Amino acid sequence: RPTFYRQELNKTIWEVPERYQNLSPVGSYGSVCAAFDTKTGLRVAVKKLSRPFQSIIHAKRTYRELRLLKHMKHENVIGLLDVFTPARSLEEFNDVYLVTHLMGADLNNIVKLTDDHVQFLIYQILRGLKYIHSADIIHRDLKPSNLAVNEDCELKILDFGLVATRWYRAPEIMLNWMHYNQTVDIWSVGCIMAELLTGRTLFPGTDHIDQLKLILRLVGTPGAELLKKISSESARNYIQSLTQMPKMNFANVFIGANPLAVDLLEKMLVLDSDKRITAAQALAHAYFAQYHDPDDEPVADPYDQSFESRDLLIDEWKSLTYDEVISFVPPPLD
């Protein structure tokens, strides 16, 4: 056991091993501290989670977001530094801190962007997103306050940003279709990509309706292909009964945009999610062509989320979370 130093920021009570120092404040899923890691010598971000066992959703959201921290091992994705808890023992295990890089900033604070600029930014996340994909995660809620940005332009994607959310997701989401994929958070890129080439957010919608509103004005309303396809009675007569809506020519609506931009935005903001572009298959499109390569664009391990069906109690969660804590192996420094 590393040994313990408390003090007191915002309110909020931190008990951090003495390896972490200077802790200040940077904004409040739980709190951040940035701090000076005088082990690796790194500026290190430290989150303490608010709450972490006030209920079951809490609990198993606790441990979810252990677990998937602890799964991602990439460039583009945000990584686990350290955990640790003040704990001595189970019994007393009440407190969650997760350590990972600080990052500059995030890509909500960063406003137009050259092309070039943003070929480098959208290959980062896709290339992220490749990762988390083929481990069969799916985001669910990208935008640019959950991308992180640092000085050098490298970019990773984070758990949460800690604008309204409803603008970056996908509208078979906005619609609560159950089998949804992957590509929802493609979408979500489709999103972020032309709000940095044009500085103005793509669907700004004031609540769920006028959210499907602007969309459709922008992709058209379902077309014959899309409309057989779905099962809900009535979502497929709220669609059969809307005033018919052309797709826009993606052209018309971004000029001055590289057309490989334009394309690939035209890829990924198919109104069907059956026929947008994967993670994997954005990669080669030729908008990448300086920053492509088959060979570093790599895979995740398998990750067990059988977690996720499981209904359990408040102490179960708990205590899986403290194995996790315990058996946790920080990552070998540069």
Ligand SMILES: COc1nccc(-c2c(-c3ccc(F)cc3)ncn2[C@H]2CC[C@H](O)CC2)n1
The other form holds:
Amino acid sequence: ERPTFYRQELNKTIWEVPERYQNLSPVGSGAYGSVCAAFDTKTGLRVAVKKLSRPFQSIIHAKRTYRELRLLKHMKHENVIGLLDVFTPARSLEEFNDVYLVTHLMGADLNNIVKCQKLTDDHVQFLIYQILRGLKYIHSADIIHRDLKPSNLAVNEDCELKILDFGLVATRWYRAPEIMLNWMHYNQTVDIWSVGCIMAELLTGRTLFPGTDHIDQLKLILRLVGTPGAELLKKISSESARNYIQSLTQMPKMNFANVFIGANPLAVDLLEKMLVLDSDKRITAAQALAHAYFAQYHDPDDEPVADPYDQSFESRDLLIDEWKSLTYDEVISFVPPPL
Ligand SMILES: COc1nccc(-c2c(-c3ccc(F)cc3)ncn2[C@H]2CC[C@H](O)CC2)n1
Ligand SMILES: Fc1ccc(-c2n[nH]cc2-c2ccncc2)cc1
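After the form solved without this ligand, can we look at the form solved in complex with this ligand?
Now the complete complex, all chains and molecules, led by this one.
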């Protein structure tokens, strides 16, 4: 029981897929893979098919490939990209060198939405609500996204949103200041900082912190939220990070009600809770969902958490063939979701 595959070359890339997937149309490419829109004749669904690029090029690529497949197989939530299918044209482990991932076609990203004029407060509520609902789920599996940005948020014509964990403008614009300072013990609230930046941008139509580099990025952040107070400075072990931060002209926290004047005061209150410099004081996804700003969407009985997620593989140092074999086992054990 193996489907019939057919091959085709699209934009320099060869695609070998099952006959069920028709009318492949390139959507975009990147360092880690390329994506085509297609029509799935078995389900009647429009899908996006991602072909991984050089999945076993090195130990790093091989572990990344396994990581992505494991993550995607685990994510089962309406606001997180999951898998409809995964396949390989390879007939055996020995000749296994290509991995294809299939999900529901979304068709646009959040950047396309903010670009095409500004949104109503109701749209901001709905979009951010969905991000947080997806994040609550991801975070409950002890996963940190780490690179939330508009381009990693897929959105369909119904304004339904799904978080893309990977990852085929600048990432740094949405990155938590503790990451810009290279803190190795950052927590899940790095993602809340990013949601704060995204929400600000949806409300104003402008990138909140458009830094030109890591130093400029930190400078832009501190100008809005103020330079660190005593409680936060005490948590910084890095002497250079402290010499830098403390050698900057001291700056107060700006009045958010003034900076985002015109916005819904509930949105401004939430933003202030997300864009707190000290990650230990930043609101969590679960807490954010209960915020008054989302009263028309919040339902505690329908904001589910994830099943336990085993990431013990992350601490493993294996050979390429071992990561390849594990990935292969995960391709073969895949059971599609019910139609
Ligand atoms: C184009 O429609 C669509 N829908 C769902 C996922 C993906 C996807 C995926 C993707 C991820 C997993 C998968 F199984 C299938 C596709 N990776 C990146 N994207 C998009 C590509 C365009 C870009 O603007 C936004 C990310 N694409
Ligand atoms: F300027 C800044 C900006 C952000 C931070 C910060 N927020 N949460 C944790 C930290 C942090 C940064 C560096 N080292 C430990 C902790 C600290 C100083």
